[PDB]
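So this first bit is one chain, no partners, the form deposited in one PDB entry, shown in structure tokens.
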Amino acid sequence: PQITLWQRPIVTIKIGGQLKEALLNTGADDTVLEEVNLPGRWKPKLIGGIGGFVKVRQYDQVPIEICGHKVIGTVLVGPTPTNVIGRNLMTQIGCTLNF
């Protein structure tokens, strides 16, 4: 699709057997989601850093559907003020900025 930016670009995703809402965020390197239970192995990752770091669980090669595009990528699971799709998954869906 083509998404204009008059409102926040919130989209529906399908992950770990759930439908969630998340923000398409070109300002974020990584994808961070809260309250999803993902199977298999993970390793801890420190993110943020200003004022301290936040520890999250890094899951690799996660299948995720974003607007009906089935892709694979890293998902960080942990506390976040809002669910964020970052550049790592936007590249996978072939999402670009255009003007």
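Positions refer to the first chain, counted from 1. Only residues modelled in both forms are compared. Between two forms, the rigid core is defined as the largest C-alpha subset superposing within 1.5 Å. First, how it differs from the form deposited in another entry.
Once both forms are fitted on their rigid core, the CA atom of residue 40 lies 2 Å or more apart between these two forms. Residue 27 shows a C-alpha shift below 2 Å between these two forms [criterion: core-superposed Cα displacement of 2 Å].
Listed in sequence order, the shifted runs between these two forms are 39-41, 49-53, counting only residues present in both forms whose C-alphas move 2 Å or more over at least three consecutive positions once the core is aligned.
Alright, leaving the form deposited in one PDB entry aside, put up the form deposited in another entry.
Here we give the lone chain, stripped of any partners or molecules.
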């Protein structure tokens, strides 16, 4: 598709056998979700946003389905205002910005 941005570019993602939705976000380095069904251990990771820094849960090599593709990437679980797919996963689906 060619997604315009007259609205949030939200796509559907399948992670841990739950359908979630998240915003294709070119201004985030990483993928960050609020709650996900991921059973295993994770590592402590600090991220930066606009108001300060949050500590998040880093799960590596997670199998995830975004808009029709099965992808493997790092997925972070943190206090994000909305679910967000970052460049780590957008690159893997070949997503570019055009203008």
